[PDB]
Each structure stands twice: as C-alpha cells, then as structure tokens.
Amino acid sequence: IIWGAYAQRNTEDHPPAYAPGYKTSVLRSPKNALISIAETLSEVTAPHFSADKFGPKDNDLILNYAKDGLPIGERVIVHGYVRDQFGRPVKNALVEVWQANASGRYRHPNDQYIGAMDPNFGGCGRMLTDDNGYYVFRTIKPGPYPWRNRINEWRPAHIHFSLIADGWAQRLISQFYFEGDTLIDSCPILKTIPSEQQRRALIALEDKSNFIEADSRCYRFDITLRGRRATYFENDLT
Amino acid sequence: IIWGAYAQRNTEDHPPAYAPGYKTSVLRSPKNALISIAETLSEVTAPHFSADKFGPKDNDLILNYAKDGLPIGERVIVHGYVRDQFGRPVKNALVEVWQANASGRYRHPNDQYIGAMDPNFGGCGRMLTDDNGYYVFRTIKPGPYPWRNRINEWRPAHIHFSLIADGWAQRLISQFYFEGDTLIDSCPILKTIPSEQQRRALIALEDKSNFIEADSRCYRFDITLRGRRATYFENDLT
Amino acid sequence: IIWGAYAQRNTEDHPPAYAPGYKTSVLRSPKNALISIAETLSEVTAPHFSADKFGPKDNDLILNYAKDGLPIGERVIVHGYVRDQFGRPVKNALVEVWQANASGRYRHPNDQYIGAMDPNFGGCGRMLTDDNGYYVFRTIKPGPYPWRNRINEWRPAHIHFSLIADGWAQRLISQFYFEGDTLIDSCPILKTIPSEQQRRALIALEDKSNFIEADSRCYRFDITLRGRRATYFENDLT
Amino acid sequence: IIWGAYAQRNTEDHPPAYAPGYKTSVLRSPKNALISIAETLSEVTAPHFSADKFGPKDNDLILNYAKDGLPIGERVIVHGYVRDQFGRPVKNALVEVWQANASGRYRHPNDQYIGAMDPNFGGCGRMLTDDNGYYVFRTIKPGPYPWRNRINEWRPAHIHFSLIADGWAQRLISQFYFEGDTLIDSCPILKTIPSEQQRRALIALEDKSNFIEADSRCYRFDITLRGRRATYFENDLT
Amino acid sequence: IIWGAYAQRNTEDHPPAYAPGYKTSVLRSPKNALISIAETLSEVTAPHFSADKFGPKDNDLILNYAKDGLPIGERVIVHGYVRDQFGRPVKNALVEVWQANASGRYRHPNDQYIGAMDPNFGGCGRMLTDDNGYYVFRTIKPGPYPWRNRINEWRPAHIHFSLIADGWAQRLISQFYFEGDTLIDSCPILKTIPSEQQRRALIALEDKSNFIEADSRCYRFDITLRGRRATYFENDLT
Amino acid sequence: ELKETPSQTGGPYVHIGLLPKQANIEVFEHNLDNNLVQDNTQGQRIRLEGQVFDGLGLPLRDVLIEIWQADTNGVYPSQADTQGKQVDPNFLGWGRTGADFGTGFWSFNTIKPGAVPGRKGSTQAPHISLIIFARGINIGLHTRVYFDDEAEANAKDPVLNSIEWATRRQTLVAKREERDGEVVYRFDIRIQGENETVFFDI
Amino acid sequence: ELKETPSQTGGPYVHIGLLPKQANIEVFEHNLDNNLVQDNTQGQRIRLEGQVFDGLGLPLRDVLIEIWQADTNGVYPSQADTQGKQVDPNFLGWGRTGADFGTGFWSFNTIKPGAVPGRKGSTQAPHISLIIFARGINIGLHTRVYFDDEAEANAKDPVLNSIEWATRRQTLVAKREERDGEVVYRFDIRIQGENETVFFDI
Amino acid sequence: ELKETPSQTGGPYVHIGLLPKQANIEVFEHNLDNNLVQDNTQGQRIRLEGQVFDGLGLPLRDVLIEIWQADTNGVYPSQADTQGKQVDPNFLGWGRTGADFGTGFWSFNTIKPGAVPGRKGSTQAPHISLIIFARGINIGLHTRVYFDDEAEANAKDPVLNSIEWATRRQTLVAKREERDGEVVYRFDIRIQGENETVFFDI
Amino acid sequence: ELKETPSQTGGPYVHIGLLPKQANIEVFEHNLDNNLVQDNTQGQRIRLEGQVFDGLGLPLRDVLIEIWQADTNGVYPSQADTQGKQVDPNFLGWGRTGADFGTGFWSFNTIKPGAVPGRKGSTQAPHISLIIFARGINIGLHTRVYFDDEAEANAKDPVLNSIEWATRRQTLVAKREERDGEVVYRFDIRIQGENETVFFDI
Ligand SMILES: O=[N+]([O-])c1ccc(O)c(O)c1
Ligand SMILES: O=[N+]([O-])c1ccc(O)c(O)c1
Ligand SMILES: O=[N+]([O-])c1ccc(O)c(O)c1
Ligand SMILES: O=[N+]([O-])c1ccc(O)c(O)c1
Ligand SMILES: [Fe+3]
Ligand SMILES: [Fe+3]
Ligand SMILES: [Fe+3]
Ligand SMILES: [Fe+3]
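Protein chains in written order, with the entry's author numbering: chain P, 303 to 540; chain Y, 303 to 540; chain F, 303 to 540; chain H, 303 to 540; chain D, 303 to 540; chain C, 4 to 88, 88A to 88E, 89 to 200; chain A, 4 to 88, 88A to 88E, 89 to 200; chain G, 4 to 88, 88A to 88E, 89 to 200; chain L, 4 to 88, 88A to 88E, 89 to 200.
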C-alpha cells in the first residue's frame, strides 16, 4: 500500500471561524478565506511520542494530583476508539485532556469563579491509543462552568481533548459533553457547529454495562480523524 | 367555608408496597391490604412549627455546614410551590431535605462508599413555605449513588424531601431528580411508580431564566399534596 | 421580597444588529460584539412620570389633533396588557406610539410620499399602564407605507410603540402589525427577527367581542418586558 | 488485558422466578429476593472439557442412536454462533441439547404421551464451539408436546440447550423454537419472559441458503452469554 | 473446513432468458426450462491466472492504449470489493472490463455510430482481485450508446465486466452503471431484471472522499458472487 | 385537578435530614425529637417503646417513627381542631425518633391522650397516630396505638370496630407496664407474617 | 415563562411619537425634552453634546438619544434606588433629544452625576447611561458616558475595567471644555469602523 | 451491545440431555457424572448429599444439580484462575447429578475444597458453588455450601457477611457426619417457606 | 464512511491540559515544551519569536502555539517520511509554547529546517508548519513560516506561488535578526485586518 494525501477536510462538518453568537470569535477570526493547498510531506507527517516518558498515573485524573486525599466528585471512566474517516484504527496517537473540577472550577490563574477548588484534583491527563485505536482514562465528572459571552452564559459539563496522530493534517482539538446534560441545547460554543448530527458527535454516551459496581460509572466516546487515501497510479505527493 | 375530609389518596398514582424489583421491599411490605377508614379529627389535624426556631442558614446547604471553606460541587438553587390537589397553596408547611454530596457520598455512619467526603458539606436543610406555598433553598448538586439492589445499581442524582403540612393525611416523603439524568430511566426505585406521568412528576426542571450569573444554576420543582373538600351540607367529621 | 437583577436578554429572541436584507443596518451596526455587564443600580432603575402632566386626549389619536373635523380612516381601538417575562403586570409604564395616517402618510418633514395628508390627524399619543399593566388608546388604522430598501418595498400597516418602565434594562422600542395583513410575510424589517414565533408576537389580534357597534373595531396586543429575579441569599447588586 | 468481573445479569431480560401462568413455578420459586454479590474467582472460573472424550457422532442426533435404521422425521441442521454480550466469540464452550422426537415424544421414563416412540432416535447430543464460537449439529425437527399446565397446554416444537463456558456466572440453560410455529404465541413458558424482543431472541431462523439439496433444511440460531469487562485500574477481583 | 457445493443460484434475482422488451432475446432464449443438476468437481473448480502475465497498465484504460496523447473524456477511478454471497472475500479473481469511449463509440468493427473515435483510447482492461477481494482500475467515463431495440433506444453510460473466480458456477458477466444517470430508468436491458433492489445492485456510487484533487473522480462498486457452503457431515461431492 | 406527588422510600440514610443528631450532624440549633413532654405539659407521662420487625422477624435498624396525638383533654394542638376547646399551650402533640442502629428499639416520652370525638357524634378511644418510614417502605405506613387499660373505650371505638377481622384488632393495642413509678406501653410493630400489624390508608 | 417582545427599529420618523415638537406637531401641552435642570436642581450644570457617525464617518441626522443618570449625590430618582438616601426632589434624571436634521448635532442640559455604588460594595465612577435609536438600528444601543476630569475614579470603575480591550475604554470618556463659564463635555459616538464606541448589553 | 440469551426452565426431562444414563440412554461413551475424585486426586474425600424441597416441604424428584469447586489447595482447574499456583492435575472441579426419581436424594463424591482468595486481599472460607435446575425453575438457582467444621473461617467469610439477615447465613452451612470412616456433609435446600435457602445472583 | 469529529475552541484555559507548568500544575515528570534542540541535534540553532494580534491590533495573551518541521537535511522525524534518508536521531521536530500572560510574546528554540521535497519532483523552500489555538478560535489556524534570508528558494516555492494575491506572500516570511551570536527570526501573526496573515486549509 502506497499512501496518498489525506481526504479534504469537509468545512461543512465544522464550525465556521466567524460566529457572532460566540463573541470572542469576532476579533479572532480571519476575514480572508482559508487558502487550500495540495498536500506535501509536511502535511502528511507528524511527530512520534514514546510511552516510556509517561508516568503510571498520567491517565488517572482521580489520582495523579491527589495529595492528602481523594478529589471530591463523581468517579467516572471514559473510554472509546479513535479511527480515521475510513474506519481504520489510529495507533499510538497522543490524546491530551483537561477539564474543570466537580465545582466547575479550573485550576488556572485566570479562573476566578466562586466555585470551590479541590486541593486533590488537577484536571489534566494524557495517554496514547493502543493498536486498536482504543483509549481509556479516569476522572471526576466536571461541573458546568459560568462564563461571560452573554452575562448569564453556562458551558455544559465538558472535557477538552486534543489529538496529535499520524499526519499534521489530522491535528485536532475539540470538546466532548455528557449525554443528557440540558445545557447542551443552549451553548453558543456548541452551536457554532452547523449540523445537528455533528453536534451529537461530541456527546459521550452512558455505557452502563461498563460501570464498575460501588466504584465508577462509565462513558463511551469515539473520535474520528481525517484519513489518507491509498494511491494506485501516479504518486505525486513527492 | 367548612372543611370536610381530605380526598381519598389515589393508590394508582403511587408505588405499591410490594415491588420485587426493589428487593428490600420484599420483607418490609405488609401482605394484608391496607384498611381504609373514614377520616376523623385525628387525620385532618397536624402540628404547627414556628419559624423562630429556625436558624438563618437552615435552608442553605452550601453554608450551613461550611467550616474552613466552601463545599466542592455544583452550586444550585432549588425552588418551587407546594399546593394541594385542588390548586390551593400550602402555607407554612415544614419542608425537610437531605442528600449526598458531590461525590455521591452521604454523611451517615452506614455509608461506606469510596466516594470522597466533603468536610464542608452536611447534606441537610429545612424551611417553611410562605403564604403562596413557595419554597427555596440552596445546595450542591448531589452525585449519583451506587447501592446494592443488583450488584451494579446506581441511584440517579437525587434529593430526599419530606413534608408535614395541615393534615396528618398529607404526610409525605419522597424524592426528586434532575432533568436530563440518564440514570432516571433505569432506577428500580423510581420504577416502583406505575405511571410514566407520575415518574416525571418527580423531576426538577432546569429554570435557566433564574440562573444567577457567575454564581448558581436553578431548578424548578413543584409539589402537590392531598386536599380537603369543602362541606355544604351535613358535617359528619364530628 | 428583595429584587435582584433583570434576567439576561435572550439575544436569540431579537433581530441581530447586522441584517443585510435591511439595507440601512449595514452602516449603522457595530462590527464589535456587545459587551455584556453585570447589572448595577444604574441598570435596574428608571424614571417616573406622573399622569398629571398628560392631557385628557393624549391617548386618543382620533381627536387629539382634530381641528375642523374628524380624521379620514378606520376607527380602531387598541388595548392589551404589559407584563414582565415572569407574568407580573407592569404598572405605570410610559407607552408612546406613533404611526402614519390612513393614506400611509406620516406627518413628518422628511416624508414625501404621494399619499394624502389628513389635516385632522397627528399620528402620536401616549399613556401610562394601570395597576394591572393594562393600556388602551384609540386611533385610525394606518395604511401600508412604501419605502426605499429595494425600490418597491412596502411596510405593512403598523404602529410604532415605545416603553419606559421600571428598569433601564427594560427600555424597548418596537412595532406591532395587524392580523391578516399580507405584507407581513414579505417585510425585510419584520424578517430581521429570527424565529417565526417571535414575529407573530408582534401581531395585534382582532378582538371582535370588544368591537363597539356602529363605531369602532378593536385589536388586542400584549407586550412582554424583561423581568427581575427575586434574591433569597447574597444581595450583590450593591 | 486484565479481566475484571462479568457484567451484572440484567434481570429485566429474563423471566422472573415467580410466574403464576406457569403453574409449577408457584411452589418452586424463592419468596426472598436473590442476594447479589460482588464476584470472586469462584464466579469467574469454570471447568474445561477436552474434545478427546467426545465421540464422532455426539453432535449427530440423526445417527448417534440409530440402530436398525434412520429416525422418522424432518432432517434439519442447526448451527450458529455463541458470543458474550460484548460480541466476543465464546471458544470451546460445552453445548448440550436434548429434545423430543418427531411425534413430540421424549425418551424419558416419565413421559407417557400417546405420541409414538422412534426406536432409532435418542434425542440428545453435545459439542464444543470452535475458535469463532461457531457450533453445528444435526437432528430431527421435534414435534409439539402436550403437557399439563392447563389441561390443553402444548409446547411449541423446541430444543433444550445448555451451556458451560468460561465463567460460572455464564452458566445458562434455555430453549430455542422454530420460526413460524404458531404455538409460540400462546406458550405460558415462553411468556414468562417479559419483553417481546427477548422472546424472539429464542427463535431459530430458517437459513434457506444453507439447506442441503435433497437432504436437509437448516436453521440459524445464535446464543449470547454474559461478558467480562476489562480492568485498567485497580484489580479488586483478588 | 471441508467445502460443499455452491448455494443454488436464485433465479428470481436475475433476468429471465426470455424478455420480449429486449428484442434480440426472443430468438436467442431456450424454450425449454434449464435442467438443474447437483454439483460435481466440474462445477466447483475453475482455472487459475498468474499476475505475471499481466502488463503494468492492464488496469489503466486511460494509458494502456494512449499513442500520441491522452484520451478525451472524464478521468474516473473505479474500485470496490468482490465477495461471495456469505460475505467472504474473493481472492485472485480475474476481472475483465470493456466499454465505449467518451462519445459512446466502441472500438469494434461492427460499431458504426456517428460518435467520434478516440485514437488514444482502447476500452478494455483487466486485473486480479487482491487478498481482500479488492479491485481498482482507471478509465474514461463512457458516454451513452444509441442502439436499435426500438429505433430511439439508448443504453445509459455503462461498463461491461466479467468474472472468473474459484468455481465454474460463479462464472458471471454483467454491467454496471453510474449513479444519477437518467437513462437508467428506461433501459430495456436493465429492466429485464425483476426486482428494483437488484437493478440498484448494478449502480456504481459516487465516492467523493476518494476523488483525487485536480485529477480524477471515483466510483465505488462492489460485486457479489455465489458462495460455497461448508460441510460438517457426509461429503457427497465426491 | 392535579395529582398528589408520588411517594418514594425514605432510604437507608433518612436520619441525615430528619434526625441529624443521630447521624452525628450538628447544623441546627433547635432539633426536633421524641420528647413531647415540656415542663408545664398536662397529663400523666408515659413512655412508648417497641420494635419494628420485617418478614423474617428481624428488627429494622434503620426505621424512622413519628407520632401525632391530642393533649390530655383530647384536643389537638392544630388550627384544624374544631372542638372549640382550648388546647394545652405547652404541647406540640408530635414527635420523631429512630430505631437504635444496634438493638432496633425506639421510644417516645409523651402524655397519654384524652378521648377524641369521632364521626357522627361518636367518641374515639384514646389513641396515638403513628407512621413508619424506612428503606424498603415505598409509602409511609399509617397505624394507631391504643392502650390495653382502656378496654371499655376500645370496645366502642369506631375505627377498631371498622376492622371486620376482629382477631387483628389486638395488634393495635399496646401493653401497659411499670418500671417503678413510670408507666410504659410496649408496642411492637410487625410488618409481615403472623400477627401482622394493621395498617391504615387514612 | 414568556419571551420578551422582539425589538424593531425606531424608523426614520421616530420623532413624530417621541419628539412631536421637532416634527412640528403640537398635540401635547407638556412635552418631554433634553433639559434635566430645573430651577432648584442641585449640582454643577453641564452641557452634553456630540454627534453619531455611521460606518462611512457620516453623522446620523435622524437619530434619537435618551439619557438616564443619578443626581449630584449619586442617587437615582427611582423607587428602584435602594440607597436609603433622599434624592434631589427637583430632578427627573432622564431626558430625550434628537440630532439636528441638518448638522447632526445633539445636546442635553443636565447635571454632572455623583458617584453611584457598584456591585459587591464597590464604587462606580460618575457616568450617564445613554441609548441610541434610529433607522437602521434594530435594537436600541446602550453605552455609558464617563468624564475625563474623573481620571482617578474611572481607573477604579468596575464596568470600564470589565472591558478586556483596554484601548476601547477611552471611547467611553467625554472631553471637558469651557464655552466661557459653561462646562461642556463632548461625546461623539462611532457606530462602526475605527474607534467604534463600546456598546453594552445591560 | 447484545443482550444475554433469556433463560428457560430445564423442564421435567432435563435428564435426557444432561444425564442420559439416568434416563436409560446410552449414546455417549464418556458420560459426565457426580464423581469428582480420580485415582490420584489430592485432599480428603467427602460425600455431599441432601434433598431439595418445594414450598410444600416435598422433595423435587426431577431436579438436576451441578457443583463447581477448587482443589484441596484452593486453586480452580480453570485458565481463569489467576493465582499463579499449580492446580491438582487430576481434578475437574465440576460434577453433575440428579435427585433420585423415588426418594429425591442427590449426592456427589468430591474433595473438601481449600480456602480461596476473596476480593481486596481477603480470604474466603472453603465452599462449593452449586446450581439447581428443574421444572418450575425459570432460571438456574445459585447458592453456596459451606462446612460447619470451618466455624472460624466462615465467621470471616466475605460473602456470608454480605448477607445482612444473619439468621439466614446458617442455611448455607452443611452438617458434617461420619458413616464409619467416611465424612459426609448433609445439605438440604429449601426453595420456599421457612428456612428458605439463600440464593445468589452471581 | 464516517465524518471527522467537529472542532471546538481550545478555550481560555487550554494551558491546563497542554502546558501544565505554565498553569502551575506539576503532574507530569516529563513535560512537552518549546525546545526542539537537544544536546546532539544537528544544524544551526535559531530562535523563533513573535506575537499574535487580534482584529484590534491587540496581542492574544491566551494563545497556544505548536510547530512541526524537518531536520537540518529536510527529513521529518516521522514514519510517514518516504525520503529514504536517515533523520537526525536527536530531533523531535515538534514543539509547543504559549504566549506570555503579560506581554503576549511566544518563542521556540529550534533548528533552521532543510529544504523539503514538494509535489511532482519540486523543491519546497525551508519552512516551519505552525498552528494557532485559542479562545475565540473555533478551528486551529494553520500557517507556514519562511525565512527572509532564503529569498531565492522562496521565489520558487510551490505553496507560496499558489497564493494568487502576491502581496500576501510576504506575511509568511519571518525577519532574521542577531542578538549577538544568536540568530532570531521574528514572526508576528495578524489574524484580522491589514496585513492579515495567510492561513491554510491543509
Ligand atoms: O435502598 N434504598 O432504598 C436507597 C439506597 C440509596 C439511596 O440513595 C436511596 O435514596 C435509597
Ligand atoms: O427604514 N425604516 O426603517 C422604516 C421606514 C418606514 C417605516 O414606516 C418604518 O417604520 C421604518
Ligand atoms: O413443565 N415444563 O416445564 C415442561 C414440560 C414439557 C416440556 O417439553 C418442557 O420443555 C417443559
Ligand atoms: O470562552 N471560551 O471559549 C470558553 C470558556 C470557558 C470554557 O470552559 C471553555 O471550554 C471555553
Ligand atoms: Fe438517597
Ligand atoms: Fe413606520
Ligand atoms: Fe421440553
Ligand atoms: Fe472549558
């Protein structure tokens, strides 16, 4: 198999850059259209990270920052698969996540929300997908977060995630929500996404059969990245 | 107006005593049918509680047990109205509530769940409804609670509430849930209730317009108690 | 009762500032997003107007400008209620209205429409809502008005109205139309409003039972203003 | 991969123990609720059977008991797959089956039905699933069986099956029926199963493409057993 | 695994031999019914072709006949999978295709259509499916072809294909069309096929994600051949 | 017309919200308890104790009990009381307690109620209205406690005579005892099985 | 819960109903105007003038302006004012005017407001709430006017510091000038383009 | 995700397919039985016998029993066993039998199991997992058999202590007896009524 | 076929998960940073610095930057690199940093990349692929950084010549400077307005 370029990103499946409803995008969105280019080695290559550098608790947000005790909150396990648009598994991709705590409070100098800080919770982790594109981490379910878009704006509970995989073109940062959260229907950020089916592609589903008795609940969340086409004739990439 | 007896409790709008799905009810449910009786002064009277005995923070679960700091969790306000089945407001009724903390952990000697305790949260409050039957309290949204009915059973997030009003016949203890929680559809306790409309009568609805910017969210929950009929002819009650 | 701030204005229930279909909004709309702020006494207070200053015919457009005779046109009475979003009546709010005459001609120096002027019609009135938020005035039904958005643009018949009530945040100016007018479906100004339900919130409904025999017809039109929330805990407003 | 416990058995997907319609269950059903327990090595382990002990015709009911000739009846092949609830194949699981003959007569001392015995048919077989969880056996289609629940009760044609696989928790005995049999809709035993979808999970489907010309017909029947979850954090099982 | 015979060809999924609408079939269709036979080694065997004999451009119709330049027409890639009716991939099957050029003109002595010949296009290619039953070739999209069934008959654009695989019983020759072509709904040849679902089984679907920027479009077309059943008891084939 | 809010079990930790002290929570300055006798309360003081047994004969160690009764003169401290008589100013008439986590015993320090008027000009024998709440109990169970030393009054009591299965009436009568100078009435409640306590739908 | 009535532009003839005099209509005996200073009003009198420019830099000649402010002691003549202080009895605190059809200039004769309490025990710098209405404007535009001679107060003002783009804060500060013995603050509003005025959603 | 195949009763003739010999059918050369002790099996040999009674106190004469247990060292002959220890090479650990059509008695010839590890580093008292199948039983009934001569081990057993109704724990303990030089444990199972055997959902 | 997961802004606290140290969180022993030069990395070391400005000309103080580049010989440390050449064994080729909360400045310590092969046997001028993430940015913005001292190479670069608006090509060229003996390339990114930086959809 001789790989070609990644399939074109379908701009209709993503939020536009300019979205008046999400105020901060007004001054931070180019006025010019993006210039599309044919891919080169620069776009189809990406860095490699060895698991050796990762600590044993890097994917355990419940314990990786626990000092004198356990964090206050809902013990939840999140897992799923990462695939490219053609269904192929994404192996050894770097997945990084961050979130607020059970109070909806972030451990960040710029966060001044009255929500209470948890001395035993950090809010960040990372992991590498296995050979099947599978990933799994443990955390405390984040609480909704009030922010100033319109004075009474509230982000539904959410976990920020980032992926660096096989090609630079796949570079992706996004967010996933929890099935059933009512704030999902009124979030200006989530509504920057055009289609309804795409908005639902960011909702983690309750995975009841994978709950761990008297311990933790579990959510299933799959991620889809762009995929490369195979080449059978001229190989122009180079 | 000369009041008569409270309308008959509609047993079809309540869970039966025997519900095999809720295991502990098997040995704690009478095998004999309840004996219905005509009401007397004993059934239509009830105690009176003066607000003078209540502390200023009795209806504030966020602060009434805070020692060295604020509790970890989702700041939420819950309010609503208490009416009798005929729509009349229920004045000065004692409303008592209790719940677990953000971890789904109860401050009770018999609770050994791994969920983390919050040194600044108690989990109980009380209040009296005003002249319009209105009530309002503040708390931290409780987290789901694992329990042993079937080994992997989980109570959806919930707040226990109790009411003592105008007549002994109105004595009622129940629970309310939060709109959108997915555990609602699989709870054996909630499913002891026959009708679907009644199950939904226990769900607190998100009250977005009453959210307090950069502070707290709010849920609306109304409670309906049994009501007395007016008498216009013979007064047999006595 | 201790009042807090007015609920956040739902920008989705109003027209955006920029609406290319309504041409003049192109150069008169900020390019920057509005900056939302937490309310202070400045936003929740508003002036008071005493009815003593109002003349007996201020709410009678049929007679307040009649000189040598009565105005030509359809005698109509318009009334309704003004409430805040929580259903509470708005007492003593200043309601000011203005409109064109039966020809669709405005008594304004800048109006050069061929439509005939009525020497006995002025086109403006005012009134204060009573304790129930009720208002009522009499006028001549305005005729549609041709204007230059697109060369053949026509405003459906309409009456301009303005309200100054209890809080500066409630300041509102808008327009109401008459049930059945076909120009309603093609007006670029009315279509700046996003939802269909909101567009219909500006249509005055025929109130046949309130027609006055051999005299006047009547339209019912209710107005909803923003409402304040009650505070039960910390009072940050000050 | 480090395996944890088997997922909780969903009692709602199985018949209750007490089912008045199935008379014999009245005195043979515990009155106490089952006590759920957390699994230990005892529950997740199970015996192993080597295929060496099985005869060449153990899975051929047409021939394993034929003495002087072939059994009278409809030559049918039954095959399918055994998987755990997560879709994983169940390898080397012991499958044992038994049934009545073409007359609906069982070769059992306690069976006194007038239906004729077949000197060349036994009614029992066994086999082990392969690496894909696949199984296959040959038999004579059983005839319906009259029994005394209500005096005129009739079991639809059916084949009893039993499975012993990887964990004691998977131990399962049940029955499968044949697509199209009208007695299926009125069987008190089949109706002890709550849901309609579960009742259909016991119906073997005609597999026409796998019929063997001028020889045998074929039915497809898949079986689903409970499955174990994988563990990624604490391993409490031991 | 011991293979048996190929499943019976379902005559209802194919066009009959006699189809009055397709005129030439009137004198070239047997009047006698086909005589079905049980399969022998003759029917389940088939020849093997080594890829060594194939040239590098045998599956490239754009270049395998180009002399002084490139062919005029729509550059299209066609690919897909070949499976047997049971979903198993068909490995190393000989796939041969032929078609007219962009004008709808065939390079055949008997074709006298006014459509222009392309000195750089041949119209034929071949290839062997890989281990996954996958195939892929490049060509120029053929133009519709006028022919004499009824004087004004037109074949929609189409590509003729032939397969020789594992068993003589699988021998198949057919045609595939392009999604969206309006001539599909009125072709007498395509309508010889009884069911609507089968007619659609011959339509190649636009595979937009596999288009090659500024180069070629792509169509996806899967082919299903008859499949063999596995034998678990008597092996009569021999 | 609206439907009554559906009932739900009080749960295993009903103590947190209804009896904080017992759960070791000190949030309230004034805590409701099982002592209905105040300094100036009128009437003879009595102790009401007992246990609640499940279908196995085992005591519930997580049950919550509440009682409602009239003063020594049969007048309820409730605006709903229409007797026209004045009620003891120092009597709440209500109390709450919980079984002991270890033994399952519960008790109240109250006053023996006076006879209360029944329907249609009848007279009810002295009684205390009692309700049970606990894990496993979907709806609070109502019952009444009568006293065995009021044999003549109980014989004419309307509610007791409304029970057609006479053998069950005895399950509602507590037994008087004396711990020296203290009057104690023992009332054991049996939810299931033999001698099951009569429960009312009031 | 009900939805707020949707806004609509005031239109080109907004003067008819809100400023009849300017449109040459004399129906009302008492007409609301742009003069907030009465005979006995307290505080230093100031003139607030300026223009409103569109995206082309051209002044709107059909715009209507309104202001809302507190008295000289920072107390609003509104029942909604909870300061417990007494307000100037001779001050409406509100006014209305319209740009000149020819030049586009607008003005108000008012008083310089006193500092008003902010949220959470903070103090707001003196300011006047102003709203713009006009053809092309679908929803009244809210903004505030601060004074450049109150540099120290403005530096600590909560609303001004809530604007994270510091360079824009200056668009809300009027410039003080003197026409002899009269204090005039110039406040030009720019709806679009460079130096666009900050608009609030209150 | 798929749902588990729904259970069904084994029926009155469960013997045909699971115990052909007992039903007088000789199709298999090797037949599974109730003898778990082989020539070289380690540990003390014991006999496990008893009866199964219905709600009337009558023995089921058509019941089928199966047991699953670890070897003498508490190691299961299963690849699922993660103890890292070697299991008795001559022990299947499983067996099957059926009540006698006449008396209703059943029995197994096995070995007394060694203590098996519990969850969270705990130790389980010796026990045998047993399952019941029969006409009238919709789902196989799970239970455990402990031994009365292991009093100290049983007192610390996790599963037995997970049963909050202590009086029922005794229903899971078999009684040791001696038929000369043979150790016999008697375990009667009561499906309904008094002394009903505890059944688990594993 | 599946659709790509939809993008979302990184948010104001993107540092927590991607640059813990900067947010004062020490959970990881090994932290990804903005230093791509190791002890034995080959090639001339350069510093890449600059700022990111919004539509007002104000620097983003919460932006996160990442770069991807080839080694000194134009070979990417990626299995996807098909050049057949060996890559510098001591070069990750990737790095991450964040603007300073106060000044908005960002920087990377890296190596000047070697020329990489373009499509159809062409040669790309040396460049670094850079991506921007931040609050307000719904989808990571892609761009490239070329060097002004590679004038001849840039003139023949395929991507730069694919931009038909020649005046914009200059926005992708960084300016070389010298802080003594250190080579620094200044690359300011302008998201909006004049001299807006060219952004690619790769
Ligand atoms: O067993 N119950 O009834 C329970 C267990 C846990 C709960 O949180 C509850 O409200 C009820
Ligand atoms: O241009 N506008 O906005 C207009 C023009 C005419 C009108 O009658 C009006 O209400 C608004
Ligand atoms: O009584 N039962 O349970 C029965 C009776 C006959 C059957 O063939 C059977 O499978 C079950
Ligand atoms: O302004 N944003 O873009 C935000 C604000 C808060 C958030 O929790 C977030 O994920 C994004
Ligand atoms: Fe609870
Ligand atoms: Fe108008
Ligand atoms: Fe059967
Ligand atoms: Fe966030």
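Take the hints with a grain of salt, since some may be wrong.
[To be verified] Straight line, CA to CA, 20 Å or less: simulated SDA-like cross-link-like pairs of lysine to any residue:
id, chain 1, residue 1, chain 2, residue 2
1, H, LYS393, H, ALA418
2, D, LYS493, D, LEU539
3, F, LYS355, A, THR75
4, C, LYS118, C, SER160
5, H, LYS510, D, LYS493
6, G, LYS118, Y, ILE416
[Unchecked claim] Between beta-carbon pairs, the in silico distance windows are:
id, chain 1, residue 1, chain 2, residue 2, range
7, H, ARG390, D, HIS316, 57 to 65 Å
8, D, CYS426, H, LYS393, 46 to 54 Å
9, A, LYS154, P, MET419, 23 to 31 Å
10, D, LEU372, H, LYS393, 50 to 58 Å
Read the hints as simulated data drawn from the structure, not as lab findings.
No residue lacks a Cβ here, since even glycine has one placed at the ideal position from N, Cα and C.
**Ascending list of hint numbers which this structure does not respect** = Hints 1, 2, 3, 5 and 7 not satisfied by this model.
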